[PDB]
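What follows is a single structure, written as structure tokens, with notes after it.
A single protein chain has been omitted from the complex, and every remaining protein chain is retained in its original position.
Each chain gets a letter, A, B, C, D, E and F, in the order it is written, and its residues are counted from 1.
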Amino acid sequence: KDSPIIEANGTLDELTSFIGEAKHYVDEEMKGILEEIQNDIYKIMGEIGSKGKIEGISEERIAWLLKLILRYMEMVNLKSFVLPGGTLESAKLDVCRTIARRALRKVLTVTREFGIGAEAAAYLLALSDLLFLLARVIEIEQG
Amino acid sequence: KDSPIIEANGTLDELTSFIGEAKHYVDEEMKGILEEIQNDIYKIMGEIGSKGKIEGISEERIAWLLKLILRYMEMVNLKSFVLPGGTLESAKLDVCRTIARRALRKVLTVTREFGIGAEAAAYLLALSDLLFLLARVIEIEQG
Amino acid sequence: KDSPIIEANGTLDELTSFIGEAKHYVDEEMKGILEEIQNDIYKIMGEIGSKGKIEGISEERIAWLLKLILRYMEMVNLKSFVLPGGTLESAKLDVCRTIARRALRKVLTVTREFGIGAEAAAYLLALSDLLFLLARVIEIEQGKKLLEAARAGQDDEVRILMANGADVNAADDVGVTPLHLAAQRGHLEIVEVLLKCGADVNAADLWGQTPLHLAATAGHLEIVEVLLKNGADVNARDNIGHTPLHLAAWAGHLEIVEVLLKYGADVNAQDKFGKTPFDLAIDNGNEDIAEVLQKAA
Amino acid sequence: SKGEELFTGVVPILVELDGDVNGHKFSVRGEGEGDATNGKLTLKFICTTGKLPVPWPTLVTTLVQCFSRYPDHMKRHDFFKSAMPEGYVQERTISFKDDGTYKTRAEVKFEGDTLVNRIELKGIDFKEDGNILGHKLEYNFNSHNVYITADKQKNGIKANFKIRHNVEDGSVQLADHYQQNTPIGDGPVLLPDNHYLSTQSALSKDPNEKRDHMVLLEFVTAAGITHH
Amino acid sequence: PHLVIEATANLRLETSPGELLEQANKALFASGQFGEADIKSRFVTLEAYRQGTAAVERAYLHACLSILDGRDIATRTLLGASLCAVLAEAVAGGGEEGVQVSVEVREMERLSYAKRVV
Amino acid sequence: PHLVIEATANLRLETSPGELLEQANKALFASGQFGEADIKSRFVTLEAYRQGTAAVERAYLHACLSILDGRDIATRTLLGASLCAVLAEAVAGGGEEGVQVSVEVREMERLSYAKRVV
Partner (left out) sequence: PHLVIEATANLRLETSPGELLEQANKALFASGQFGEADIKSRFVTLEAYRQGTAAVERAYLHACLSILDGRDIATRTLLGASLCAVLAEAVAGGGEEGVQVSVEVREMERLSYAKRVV
């Protein structure tokens, strides 16, 4: 009921909506990844909505993102600053990334007030680093 | 000119933009509904921009949404948590819904400061319950 | 590291993402404009991220936007409040505009705290006035194609353009509606499908004419019957004062005079010259149209 | 035959005038379209050099008689269309009563799909505070008859008529017109029996136009030949 | 909105002094802040002037825009950058070296400002 | 108190430019705020001017009163409303439509203001 708890749920509900808008433009493999990221954002909304009285995500899940980041970070050959939206499909995943950075700043205020959702904010920080790699893999698969 | 009045108009102008982006993916019947919702959001922006010196929406309009919610709430058979964005069209209306909850939280700060726009914030609360039903009717019409 | 600096970079990074989503729906010209606006938002993020220790944009850039705003502001003829998202393409640029107003309010807090990024916030204020003009130019470009398709007489291409949200009441410089050109050229199904969407039946051009006027003087009976079934003024007057009955008696088509007469045509009327339609029928010497018009009077 | 067929639909029109009256030079450009079958036309003219030194109504007759409605029984008398697309030269002497005179020379011809009227006008001996240079003419126009006769020796035609311009104080300014038309091309043209054109003009303004301008609607019908 | 444009005497303009004011009023009205009839501008040509202590001959141009207060710093900064680009393009040159153009934007007070239409 | 009155060139006044200044100094001294000899006023006639973007011919009058600060908003508002009624009654007319009169009241800063009597 506090102001920081209601803003934090409002943005995590706005994040999981763009991911549902953006998973219809990707292929079949990344669509299985983006469906398992929406389930995890629905768990985080319970941990934060109840002020911790419900279990949030386990640490087995933050170890699941880091398996993926190390798998795509090899495919992506890093380069200089490249403007977002190379293709239409990779432009949808660059909108989802910048929402996950705004959700990270809201969940990170709940942590510095109520001491809860520290392992949730570590999930949104690894998430927004994954959505940056999924956006640059699509551009290369088109190249 | 105050900080709460300018934020409240900034989000209601951002809400009525997504509804214009999302009314090209729906059919002809719901398009007549979504065009009459944009006219009503343009009235609310005058009530809040002038700090009440202009008439906002009447109560005849909040009685118009509630006719619709009771009409669709019969078509939609409620179920367990279903992830947003079943189809592409119903994914556009789930982005518009989560903007209307963010506009509700801004208009509701104007109310708890300047005592204005109480019957406006009651329009954005009924609106975001309608956009949730319009999103679940489209999925069923596809099913 | 301060709270106002991190929020300001978070929104400028969210702004330059929507512009990348919205530059795939525009044409090749505006795509060259929207690519040079993304480079400039990437400069502003360096000025604000480093708290000024890096050079931001020059003033040569705020003078570049203002060249564009003065070029499109002539093409766009301003009108009353029109709802965002006329077409699908112009709906994408109205989402980008409302993000640029939210970025302006964040950059403008950094200015009122740290005294930096004053010429950046003047770039985002000129930007959001440019994205409003680029959004209203696209609808117009869509609306001129409806006039061209109405003059071409295309059955399916008019419905294709109408299903994408082009305006039914888009006017030219001479003030003509697509209903005017459709009734003039003689394509009945185009008048039907334009009236089904809600085109204004009694629009006036710069000469004061009406779709019933051109439909009467063009000799197409079906468009007269359809327009009179849908609520056209039977006694509309042009700049001189000719009724549909006046031009109908002038052109020598008897059956359209019968069709005008069935729905209540004024025979007792006059023009600015002073002539009744019976007088213009007598002046030409057609005996039959002088006999039918006088007997019903 | 090949001439009249160019006018069976709606035809785009361009008008261009270069003028000099009492040493005051000006230019007018006009654009619109014509429906010769019905003899109805619409044009909008703009003064491209600022404010006109003469009243718009004095230029109406100078600023395309090929758009006249010639009814079927008079088709053999339509000189104007028969000269197309090569066109004709139209020369006029316009004498304003108790005032100056206009001399005009125009070429009326197709340039591509567009009917073009390109005019040179010279005015002399006008009075400084007369009805013309003093801008005392009402912004309206009366109906007139244009009397045409064949000029066989010149394989062309002549016309005479008198224009009546309403003056703001209720008086009438007469403008006597003499006209001659000769084909531009070397091909044969129709040379008509005596007849006349009945003309009506409606002048208006464009509410969105900031430049000095004239909006014009005109209907033209040929008569003066008994029907059978 | 009052616009006072002060140019030295040796400054050569691309255009006439009267045409410089029409271009400067269209650049202020194109910002959407001001009414159409409320934009009032005036041009003044200096006679006795000095710039700096050096013996170099110089020329300069200056414009002071006075607008009623109640506007944020983003609007005022865009009015200075919009006019400075209109003035700098009307300057052909003058003196022995570069011309300096500058535009100030100051706020009148809204409460004590009286206005009437005769 | 400095009073700068700027009128366009086509503006016709009921009186001469010098008599307009005597009436405007009696209206400032009648407010009891200012000394008698400290009221200094000057009249300037503009040559190159433009109002609005329309081709309509117009005229305007403007006065800027500069007073040392330290006075409340009730005194400053009464000085603008006292002069605007003096100027508006001296304007006969000009241009093709109504004349606009306006009076600004601005505060000089009292600490940094230096004054001497030779």
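FYI, contacts are C-beta pairs under 8 Å (C-beta built on N, C-alpha and C of every residue); 3 or more make two chains touch, one makes a residue touch a chain.
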Listed residues F:55, F:74 or F:114, member touching the removed chain: F:114
Candidates E:20, E:37 or E:101 - the one touching the absent chain: E:101
In chain F, positions touching the absent partner: 2, 17-18, 21-22, 25-26, 29, 36-44, 66, 108-109, 111-118
Residues belonging to chain E that touch the chain removed from view: 6, 8, 46-54, 58, 60, 62, 73, 76-77, 79-81, 83-85, 88, 91, 93, 98-106
Contacts of chain C with the absent chain, listed as residue ranges: 59, 111, 115, 118
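By definition in this document, only the chains that are shown with their structure count from here on.
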Closest chain to the centre of mass proxy, which here is the mean CA position: C
Maximum centroid distance from chain D, chain identifier (CA atoms): A
Inter-centroid spacing, chain E versus chain C (mean Cα positions, whole Å): 37
Centre-of-Cα separation between chain C and chain B, whole angstrom: 27
Overlap residues in chain E, where contacts from two or more other chains coincide: 26
